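4 protein chains.
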Amino acid sequence: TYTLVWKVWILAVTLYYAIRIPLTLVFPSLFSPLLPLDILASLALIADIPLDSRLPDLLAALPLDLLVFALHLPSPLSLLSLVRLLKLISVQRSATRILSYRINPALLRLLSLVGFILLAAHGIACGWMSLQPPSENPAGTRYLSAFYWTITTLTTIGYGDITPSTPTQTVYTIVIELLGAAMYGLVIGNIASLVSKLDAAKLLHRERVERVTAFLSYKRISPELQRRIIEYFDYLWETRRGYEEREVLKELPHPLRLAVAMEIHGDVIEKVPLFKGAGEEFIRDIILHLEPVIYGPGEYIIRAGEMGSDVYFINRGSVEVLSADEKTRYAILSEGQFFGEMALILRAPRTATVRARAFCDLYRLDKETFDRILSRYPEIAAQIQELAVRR
Amino acid sequence: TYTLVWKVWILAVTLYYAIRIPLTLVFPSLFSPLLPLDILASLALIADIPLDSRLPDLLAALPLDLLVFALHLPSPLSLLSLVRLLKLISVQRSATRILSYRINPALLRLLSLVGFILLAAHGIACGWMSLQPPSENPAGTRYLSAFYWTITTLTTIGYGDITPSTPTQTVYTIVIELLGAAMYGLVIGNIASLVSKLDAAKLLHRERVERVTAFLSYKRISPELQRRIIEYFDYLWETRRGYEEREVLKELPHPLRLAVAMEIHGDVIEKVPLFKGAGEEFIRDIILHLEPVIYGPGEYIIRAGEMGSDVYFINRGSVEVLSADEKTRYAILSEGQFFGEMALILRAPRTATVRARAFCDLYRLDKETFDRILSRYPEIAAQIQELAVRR
Amino acid sequence: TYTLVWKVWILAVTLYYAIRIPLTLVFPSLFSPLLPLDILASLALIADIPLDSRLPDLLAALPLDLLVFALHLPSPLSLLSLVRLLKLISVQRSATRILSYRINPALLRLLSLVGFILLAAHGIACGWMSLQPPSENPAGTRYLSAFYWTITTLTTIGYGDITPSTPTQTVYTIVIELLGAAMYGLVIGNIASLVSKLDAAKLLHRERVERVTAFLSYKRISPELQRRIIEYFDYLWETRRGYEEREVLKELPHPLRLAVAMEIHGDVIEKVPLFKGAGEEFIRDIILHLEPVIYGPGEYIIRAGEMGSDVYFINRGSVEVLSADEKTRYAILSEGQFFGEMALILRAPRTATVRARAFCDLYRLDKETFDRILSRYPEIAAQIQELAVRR
Amino acid sequence: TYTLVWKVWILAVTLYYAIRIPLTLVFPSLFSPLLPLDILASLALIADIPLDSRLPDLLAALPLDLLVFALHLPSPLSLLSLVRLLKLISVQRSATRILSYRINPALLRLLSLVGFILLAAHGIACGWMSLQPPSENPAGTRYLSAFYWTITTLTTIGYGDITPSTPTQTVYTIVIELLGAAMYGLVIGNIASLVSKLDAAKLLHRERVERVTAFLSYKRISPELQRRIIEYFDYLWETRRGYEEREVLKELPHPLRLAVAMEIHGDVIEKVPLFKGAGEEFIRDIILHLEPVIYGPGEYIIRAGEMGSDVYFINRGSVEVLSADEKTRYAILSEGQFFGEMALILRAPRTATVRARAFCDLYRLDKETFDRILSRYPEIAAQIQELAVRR
Ligand SMILES: Nc1ncnc2c1ncn2[C@@H]1O[C@@H]2COP(=O)(O)O[C@H]2[C@H]1O
Ligand SMILES: Nc1ncnc2c1ncn2[C@@H]1O[C@@H]2COP(=O)(O)O[C@H]2[C@H]1O
Ligand SMILES: Nc1ncnc2c1ncn2[C@@H]1O[C@@H]2COP(=O)(O)O[C@H]2[C@H]1O
Ligand SMILES: Nc1ncnc2c1ncn2[C@@H]1O[C@@H]2COP(=O)(O)O[C@H]2[C@H]1O
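Going down the list, the sequences are from chains G, W, U and E.
Mapping of the first sequence onto our numbering: position 213 corresponds to residue 1102, and the numbering continues sequentially without gaps.
Mapping of the second sequence onto our numbering: position 70 corresponds to residue 959, and the numbering continues sequentially without gaps.
Mapping of the third sequence onto our numbering: position 15 corresponds to residue 904, and the numbering continues sequentially without gaps.
Mapping of the fourth sequence onto our numbering: position 21 corresponds to residue 910, and the numbering continues sequentially without gaps.
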């Protein structure tokens, strides 16, 4: 909406204060020419406290740096201007909460970690500048040298060209080596873990298929069977992106699970002429008991002569029904067609054999659900009965 | 109690000896002015051995450093004063055991790791001081330089300004680089892992909701359904802090599980006028079979015309009961009210539809428990029967 | 087939361009003598775009470096020749997809990571060469010094002998320390994890046996029982390489599970004279319900006087059947033999005791499957009946 | 046995060759005075090839270094003496296989990793010595400087005092920084993981109790209930060391599971006068269905008036049986006693209430097992019947 433009501009003015307060604390020559662009961001902070633990909010909303820089206080009390950086925690939380609705959150956390370490490095460089003795050197060169030393120490590379001389600089260097190096290492570890977490679904698919292929290679499986299995896993990845629905649907509660199920399987519902145009109630019952199954090319979906429980609804593919000895081709079933009603409209062993002419996605309704649905709503069975006899 | 003041003072006097023994081993000018504040801590160690593997206890309780420093022994036997630092392991174990009753233990382990690495750095700096040639330099500056070198080596930064000169210093430096650097890296890794472990419950909530949202975004779920789901996960986090009770209650044994269950669900027990004032026995039976369920705003808790098993007790929220065609508003049920008895006092399909006027927390008693409770204790059913007919 | 020779030659010409473009960008003295061996690889790129997100493909297929090097453009536009390295991502994906059919993929990923970091180091060294002031030095020595500096910075070792002097070199060094060091650390972590993942099956066996042995050592198990258990785990590892079939077979769908099961247990099927030569249908039913079990030497497979459910088919080993008091040796059963039919052809308690004369692998058919198979196909029972009475 | 003295002496002579071959390759002044102690270890290698992939065995068994050092070959062919270090892999595998029978294996792997990195550091130092220009310096000082440089580079500390000068030394330094630093980091990571794995049982106990305590603290559990739960977890840790038997027993097969179960629960079997002296068969049936349960002090094991299924056998503790209103103390049951037979010898609701006077360990036989055992073997019931009536 327009809250996001406000939260982005709060982010912009707090990055402004993070970049500006240490620079002015180092060089007091500023705060004179940057004042016109200042003041307005302080009003922004003081006006963002109504426009929303809020303890950092009320502490950072205080116009404290204005008076500190105006009165030219010495360092013990000049270091108090940095109370305007406590807005960083609140703005980080707000950005994480708001911007996660559209973009991958792991990426957003990675960006937040990068920004935090960069800001900390800039602040440490500014702190290192002050402890240096006063020398007639350009400000740009001085800041470049300080930032170079800060990145060298924080990355645990330590070339050794810039080293502390005074005991004050030595204590500061010790503190930096103890804290900033460890924090940087921890943030790098979190960034590495977050990089790994970017594609957890693809990693789960890869680890499953890798375990299966390792077993198959150990068991001296024939190459004909190595294919038909690796290709099946590849098709699984392609079409379904390794998200097994059963596992992820379980987390949601039943009211929302229903909505998710109808939105997902609405494609199958609309196509099957038996499902579509039927009452909403039947479809609600059906939508949770439809089980996707994947059959490879030239694979036997149903054989002639098993007890026969399940009924299969074709979603995307084509199958063929053959005789008990695979000599009469009967009829070719296709997308939107369904087979398996005779076994249960009557009570006989499987009538014929069903083979897949190609890669096919089939929805399988279980025996228990079929018996319940044929009992509770007969209108549905009526369509089946004309279909069963004709068949 | 007062054991904690004793265990804290043992910690204080053992940190005193960890900080003091190397300093006196380096500078023998001490142990003359720090003796009055000494001696009493040695009595403390010798009096703590009755006041409690205890092998470090009995070895560190020995007044060994007194005689070593009094006789001015040379280094081969002067290094034996450090047997008073074996109390560190025992005091660390005791602190971990005792202070975990009130504070997060992960934080306590983090503090212990920080203290151990700091103490090791101080000791290594003191050891590095002795190997240096005798120079007319201030003790403070010498210790600062040694500590600076120790932190530089241990952090694998290696500026290079302070380097070994004698072969003895070279061997010491090699040993430090081999051991202290690796130990520091391992302790930093443990500290990082412990920082991550500080909020495992919030990480579990985040990983669950992230997986669900990734699935939903992949499946092209409509924004109307993206909300109602993200908000539900947010309410779940808010109210219940992502602790699913079923998972955590399982670990406890049944005797203690009962006490936990009554203390948790006592709020529901006291409110429901049917539950409260009833015999303790009924409530004990009920307290384990009450299943919390969360229904979103404007959601259908019960529909008119399913077989109807469960009975729902309202804990915090409001629901409405409507006609089969949602045209008569009947009665508005509220906090402390319960619905669903007619389906099972009689044996009919669901009488009416129940919708949620707002976000509601409902306790659901299963069909099996309801039948058992209505059989074993009839007094409870009596209240239901007047309620069922009136309804 | 011959696609692999093409994909390998695409890999060869893209490693050629990764190694060549920065070298020519540094030294413009090239591209004159390497032109004859060039041009043909550019035709290879332009001819590989029909011979197959493909956005890197179409961008890298453009003959952009030819015109850049021919017109002698200055650096702002000379840096555009590096658009021929976007083929690296596509060739990496293609190599990972194609070469995984024959070699362990973890090893292939390790090789890819090593190649990527080596190529990045070469590129960074070439970039560092350009920023140096023009000096009358040999090209080989200059490149060696630059590569030495690049490996020093990227490995976070930082000797300090080669350091930036100009502010341009300082900014480049800062960027390298920030990016390349972190990327190198992350790639090293991935390589370590991949090294660990090379033998996940052997790690799972080791962790299972380690947990069991820890429990046994805690419970003060006698050494006679420590052996018979560690040896059994060792035999398990030897023969079956710690791949429990039940766990890995579950992942595959039923059509492919059948093929895997027959190819695996075909050894048992062919040997048993009862199984072999029987109809394909019986064998299909049987092949999924045959449960491998491992019995140690001198171990009681069946005792005389339990109800008796299961029937065991000997696969590799020898067992002995003794009297109820272990005094008559009856008959010695061997490889390919089976026992346990009397208990269920009749309905009696176990007739005799079966002990293992040596380490034996037995296939156990469950009670439920045996009753079903004896009902559905009688021909099989006929062979059993002559066998049962004679026994 | 005596194989271990042989495998230890193979380890000793292969560490001898790992330490000696590079030293002689650097200084050719050796191999003259160390020859008497040599030769015998070469016979040891040539005699260990009968006394046992074995490819490293047959390659390292070849007396190759003798001829290389005797003929004074130049470096290209002098580097071939290092084929006697391929025995390291085979000896490492043999040590890991053999010494794991008595000591924690994680510790053994830690020692192996430490030895491997130390040996690699020594070898790299020896290699760095040769590339140096010939200088009139003591061998001890030269080796100390080389080892100092090797540890500095491998630990990524890089002081900078010892740096390559010739391009040959620069290439060697680059290779060392690329390989040895990464290998050292990976070995340090493995050592850290192994240190963590040393006490996995205590970590599992700690993580379980920590999760439970976090839940309890969140739910505002009263301090009376915080105790009785933390103390129960502490007693669990004390007595059973957090090894839940059910989880670890599952891994073992049934033949070995029986032996483990009888050796563990033999204490309970011998004590109960009903169990002990009974036939081995009954005890075999019982030994798997005895379920340990832990009841806290002053806790209600059985209440008067539930249906009553289970029978409890006291193992270590004391319980009291009271009236329905806790006014008559009846009899005090103790260690070795059992209660709960009346509920099932007759068919009545629980006769009286059983409370624990102290912390008690109870074995609980389930209802199904009790009915089966009372049917199959009546002799056992006979003892129960006199006991039931008297009670
Ligand atoms: N003549 C036919 N034409 C089209 N479909 C058929 C015919 N005979 C059988 N089928 C279908 O093929 C299925 C295979 O056997 P079922 O008993 O499962 O149910 C069968 C019917 O759905
Ligand atoms: N007239 C009514 N007034 C209040 N509550 C009712 C009334 N009729 C039905 N209910 C409740 O609404 C519930 C919905 O149908 P059930 O059969 O589950 O049980 C029902 C009763 O608990
Ligand atoms: N005389 C015999 N010769 C060979 N095998 C036998 C004989 N008697 C019993 N068996 C086998 O030993 C098995 C052990 O008892 P079961 O009842 O399980 O089934 C038995 C038969 O398979
Ligand atoms: N008079 C008694 N003396 C000793 N034990 C008893 C007596 N009465 C009951 N018990 C035991 O106390 C148990 C509690 O009730 P149960 O029906 O479980 O089985 C009971 C008997 O084992």
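Think of the hints as simulated: they come from the structure by calculation, not from any bench.
Incorrect hints may have been included.
Put simply, identical chains are the same to the list, so a pair is met inside one copy or across any two.
Derived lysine-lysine pairs resembling DSSO-like cross-links, with alpha carbons at most 27 Å apart [as the list claims (entries may be wrong)]: (1) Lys-1108 with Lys-896; (2) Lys-1086 with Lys-1256; (3) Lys-1216 with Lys-896; (4) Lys-1256 with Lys-1165; (5) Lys-896 with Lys-1091; (6) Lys-1256 with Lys-896; (7) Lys-1216 with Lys-1160; (8) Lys-1139 with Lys-1108; (9) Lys-1160 with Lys-1086; (10) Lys-1160 with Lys-1091; (11) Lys-1091 with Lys-1216; (12) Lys-1108 with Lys-1216; (13) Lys-1108 with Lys-1086; (14) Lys-1160 with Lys-1256; (15) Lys-896 with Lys-1139; (16) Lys-1091 with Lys-1108; (17) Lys-1139 with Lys-1165; (18) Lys-1086 with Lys-1216; (19) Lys-1139 with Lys-1160; (20) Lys-1216 with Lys-1256; (21) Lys-1165 with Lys-1108; (22) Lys-1165 with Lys-896; (23) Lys-1160 with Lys-896; (24) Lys-1256 with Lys-1091; (25) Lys-1165 with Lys-1091; (26) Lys-1216 with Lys-1139; (27) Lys-1108 with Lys-1160.
To see whether the hints hold, each was checked on the structure:
1. Within a single copy, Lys-1108 and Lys-896 get their C-alpha atoms no closer than 59 Å, and across copies no closer than 29 Å, so neither meets the 27 Å cut-off.
2. Taking the shortest alpha-carbon separations for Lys-1086 and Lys-1256, neither the intra-copy value of 40 Å nor the inter-copy value of 42 Å comes in at or below 27 Å.
3. In the homo-oligomer, the alpha carbons of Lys-1216 and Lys-896 never lie at most 27 Å apart, since the shortest distance is 71 Å inside one protomer and 44 Å across protomers.
4. Within a single copy, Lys-1256 and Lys-1165 get their C-alpha atoms as close as 21 Å, which meets the 27 Å cut-off; across copies the closest is 33 Å, which misses it.
5. Taking the shortest alpha-carbon separations for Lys-896 and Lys-1091, only the inter-copy value of 24 Å comes in at or below 27 Å, while the best intra-copy value is 33 Å.
6. In this assembly of identical chains, the alpha carbons of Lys-1256 and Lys-896 never lie at most 27 Å apart, being 55 Å within a copy and 50 Å across copies at closest.
7. Taking the closest pair of Cα atoms, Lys-1216 and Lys-1160 never come within 27 Å of each other, the shortest separation being 31 Å inside a single copy and 33 Å across copies.
8. Only between protomers do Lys-1139 and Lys-1108 lie at most 27 Å apart by alpha-carbon distance; the minimum there is 15 Å, versus 34 Å within a single protomer.
9. In this assembly of identical chains, the alpha carbons of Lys-1160 and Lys-1086 never lie at most 27 Å apart, being 37 Å within a copy and 45 Å across copies at closest.
10. Proximity of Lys-1160 to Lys-1091 under the C-alpha cut-off of 27 Å is found in neither arrangement, the shortest distances being 30 Å within a copy and 42 Å between copies.
11. In the homo-oligomer, the alpha carbons of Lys-1091 and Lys-1216 never lie at most 27 Å apart, since the shortest distance is 43 Å inside one protomer and 49 Å across protomers.
12. Proximity of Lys-1108 and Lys-1216 under a CA criterion of 27 Å is satisfied in neither setting, with 35 Å inside one chain copy and 41 Å between copies.
13. Taking identical chains as interchangeable, the C-alpha atoms of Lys-1108 and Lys-1086 lie at most 27 Å apart only when they sit on different chains, with a minimum of 20 Å there against 32 Å within one chain.
14. With identical chains, the CA atoms of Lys-1160 and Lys-1256 are at most 27 Å apart within one copy only, with a shortest distance of 22 Å there and 37 Å across copies.
15. Proximity of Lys-896 to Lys-1139 under the C-alpha cut-off of 27 Å is found in neither arrangement, the shortest distances being 35 Å within a copy and 43 Å between copies.
16. Taking the shortest Cα distances, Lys-1091 and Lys-1108 sit within 27 Å of each other both inside one copy (26 Å) and across copies (15 Å).
17. Taking CA atoms no more than 27 Å apart as the test, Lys-1139 paired with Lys-1165 passes inside one copy only; the shortest distance there is 26 Å, against 34 Å between copies.
18. Within a single copy, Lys-1086 and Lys-1216 get their C-alpha atoms no closer than 53 Å, and across copies no closer than 50 Å, so neither meets the 27 Å cut-off.
19. For the identical chains of this complex, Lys-1139 and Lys-1160 are intra-copy neighbours only, at 26 Å inside a copy versus 31 Å across copies, given an alpha-carbon limit of 27 Å.
20. In the homo-oligomer, the alpha carbons of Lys-1216 and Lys-1256 never lie at most 27 Å apart, since the shortest distance is 29 Å inside one protomer and 37 Å across protomers.
21. Proximity of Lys-1165 to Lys-1108 under the C-alpha cut-off of 27 Å is restricted to the inter-copy arrangement: shortest distance 21 Å between copies versus 47 Å within a copy.
22. Within a single copy, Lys-1165 and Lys-896 get their C-alpha atoms no closer than 46 Å, and across copies no closer than 49 Å, so neither meets the 27 Å cut-off.
23. When the C-alpha separation of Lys-1160 and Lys-896 is checked against a cutoff of 27 Å, the pair qualifies neither within a copy, at 46 Å, nor between copies, at 42 Å.
24. In this assembly of identical chains, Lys-1256 and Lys-1091 lie within 27 Å of each other by CA distance neither inside one copy nor across copies; the values are 34 Å within and 41 Å between.
25. Taking CA atoms no more than 27 Å apart as the test, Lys-1165 paired with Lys-1091 passes in neither setting, with 34 Å inside one copy and 43 Å between copies.
26. For the identical chains of this complex, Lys-1216 and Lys-1139 are neighbours neither inside a copy (44 Å) nor across copies (34 Å), given an alpha-carbon limit of 27 Å.
27. Taking the shortest Cα distances, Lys-1108 and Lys-1160 sit within 27 Å of each other only across copies (18 Å), while inside one copy they are farther apart (42 Å).
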